[PDB]
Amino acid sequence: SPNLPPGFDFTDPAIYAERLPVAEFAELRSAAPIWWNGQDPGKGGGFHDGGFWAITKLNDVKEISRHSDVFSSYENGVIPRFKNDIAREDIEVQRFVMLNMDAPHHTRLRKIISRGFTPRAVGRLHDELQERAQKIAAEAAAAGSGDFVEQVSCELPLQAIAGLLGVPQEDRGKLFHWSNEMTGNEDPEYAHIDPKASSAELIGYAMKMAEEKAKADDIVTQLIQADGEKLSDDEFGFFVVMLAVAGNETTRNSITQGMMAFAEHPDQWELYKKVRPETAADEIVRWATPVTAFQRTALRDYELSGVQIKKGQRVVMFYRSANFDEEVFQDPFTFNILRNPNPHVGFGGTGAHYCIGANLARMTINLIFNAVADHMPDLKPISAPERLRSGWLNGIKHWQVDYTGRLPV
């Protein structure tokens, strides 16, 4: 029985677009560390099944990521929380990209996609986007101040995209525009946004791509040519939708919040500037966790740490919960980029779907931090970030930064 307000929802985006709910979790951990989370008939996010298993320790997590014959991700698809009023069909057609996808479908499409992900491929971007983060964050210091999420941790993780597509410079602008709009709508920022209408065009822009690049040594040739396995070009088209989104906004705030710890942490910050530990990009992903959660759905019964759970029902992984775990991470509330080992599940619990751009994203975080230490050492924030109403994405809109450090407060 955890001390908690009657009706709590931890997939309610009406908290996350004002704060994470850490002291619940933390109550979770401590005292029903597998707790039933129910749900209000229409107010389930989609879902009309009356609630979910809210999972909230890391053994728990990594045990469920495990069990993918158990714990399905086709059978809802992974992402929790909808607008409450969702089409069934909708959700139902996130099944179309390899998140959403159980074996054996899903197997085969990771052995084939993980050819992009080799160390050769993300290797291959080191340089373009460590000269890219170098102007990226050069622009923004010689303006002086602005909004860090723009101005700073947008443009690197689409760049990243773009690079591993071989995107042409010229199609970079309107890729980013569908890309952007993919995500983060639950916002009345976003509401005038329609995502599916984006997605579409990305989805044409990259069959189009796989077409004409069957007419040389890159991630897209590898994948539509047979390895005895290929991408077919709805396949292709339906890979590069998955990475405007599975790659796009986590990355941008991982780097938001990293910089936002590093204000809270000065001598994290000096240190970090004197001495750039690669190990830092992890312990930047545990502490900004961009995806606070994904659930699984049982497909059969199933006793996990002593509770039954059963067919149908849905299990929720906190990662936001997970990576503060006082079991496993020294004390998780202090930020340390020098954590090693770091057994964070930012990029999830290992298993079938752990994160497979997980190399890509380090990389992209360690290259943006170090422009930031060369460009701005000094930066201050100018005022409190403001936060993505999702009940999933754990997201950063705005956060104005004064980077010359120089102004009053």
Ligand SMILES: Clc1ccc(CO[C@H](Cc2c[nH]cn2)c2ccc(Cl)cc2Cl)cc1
Second form
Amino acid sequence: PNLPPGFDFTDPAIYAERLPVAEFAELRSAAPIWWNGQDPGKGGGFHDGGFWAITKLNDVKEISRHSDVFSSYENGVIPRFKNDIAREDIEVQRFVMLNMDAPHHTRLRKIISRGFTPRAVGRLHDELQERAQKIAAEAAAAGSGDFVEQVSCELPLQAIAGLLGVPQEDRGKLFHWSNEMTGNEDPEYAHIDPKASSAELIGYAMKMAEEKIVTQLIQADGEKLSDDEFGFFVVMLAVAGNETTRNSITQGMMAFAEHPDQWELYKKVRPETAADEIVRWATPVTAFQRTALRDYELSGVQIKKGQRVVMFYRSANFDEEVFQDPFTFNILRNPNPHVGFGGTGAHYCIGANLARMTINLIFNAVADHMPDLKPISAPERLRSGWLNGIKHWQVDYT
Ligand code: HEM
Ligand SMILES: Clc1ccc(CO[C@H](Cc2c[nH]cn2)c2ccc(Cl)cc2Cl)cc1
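With the form deposited without the ligand already on screen, would you show the form deposited with the ligand bound?
Shown next: the complete complex, the earlier chain at its head.
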């Protein structure tokens, strides 16, 4: 592949500036499964010398289906942390369902599914609709400002808060904790600890369960979450459903600003197909990883026991062999077999429909209250080597 020497698809330095679209496309053409070597002290907390970069949609899907071979437990699924992270701080992330394997995963996913039935998510619809409309109304009123803060941030948080029945009086502190919890190495957030906020939120979660969806989860059925499991559940959601859906909203609106015909069409018909195009295009989670528990031949590459594989959803979502005109934003996209919510398999995003609803509700409200919104200045990107984040985006709502 024509890539610079020692180029690392997980390098936070890249994502601080841009998405490496041209580099991904190069791999898809020249080396769709490619060993991304990492020098010592530069593996983002991993010290195994590198990982297999997975760039093709079907390979991402194959990995995600074969979780009997490709493990989330062994090194967790987050492929990049601060280079100096202690291993202990990686391993502790095995206490969330995301970073478990069968049979422990199966049991927790089965219980936590109580929270995510279409009926449970459907019940949140009206309050989130009301919240979305008021958010949009308040941003329109303010004239201009930070679209991330004023429009993208709060609804995903309210969706988490509503699913859990957090009292309104407690939502402020909950959101504060949640917003310090998804680790990054960005200089704007250098003074934030993850650790303290996580401890403090698990403390609240376990007090909440003590005082008591929360009911369904901690009530015996005789499967129930233990109080610490409920805590681990809440801490997981604070990361899983926060900056993920936020960046779908930010970058979907960015897509609309760049594709004014799509925005015009959206405002008329709010089509059913928009949310999934927004997710495909935003690809909030750039990459998650797995560790091979045995040797596995994947598209002619001999993957070895113990090696990491990094599924770059940002590549797979633009796979030219699958998506017609992948680099066209098409809100009527059909079909749309994207992996923005993961490959289908044991770990496929449990919050996918909760995210779609959040997305439709906010964009309906934006179309309603700020139909002529225009950016004032460039998005500011988050320094993360797995999260595709926009910290700030100054826009003129009128
Ligand atoms: C547009 C927004 C979202 C995106 C792009 C996204 C992305 C993903 C992806 C790629 C995975 C796969 C995990 C893996 O295969 O290793 C996942 C899993 C997960 N997501 Fe989402 N997600 C979003 C919204 C949400 C929301 C709103 C929630 C809940 C409030 C949620 C909860 C979860 C949970 C609990 C898992 C782990 C499932 C398991 O391990 O069994 N997600 N998400
Ligand atoms: Cl007191 C606590 C509570 C919870 C965890 C679980 O550890 C990490 C973050 C993390 C914090 N401190 C060290 N590591 C974590 C991983 C994945 C997700 Cl999706 C969410 C979270 Cl919060 C650890 C300690």
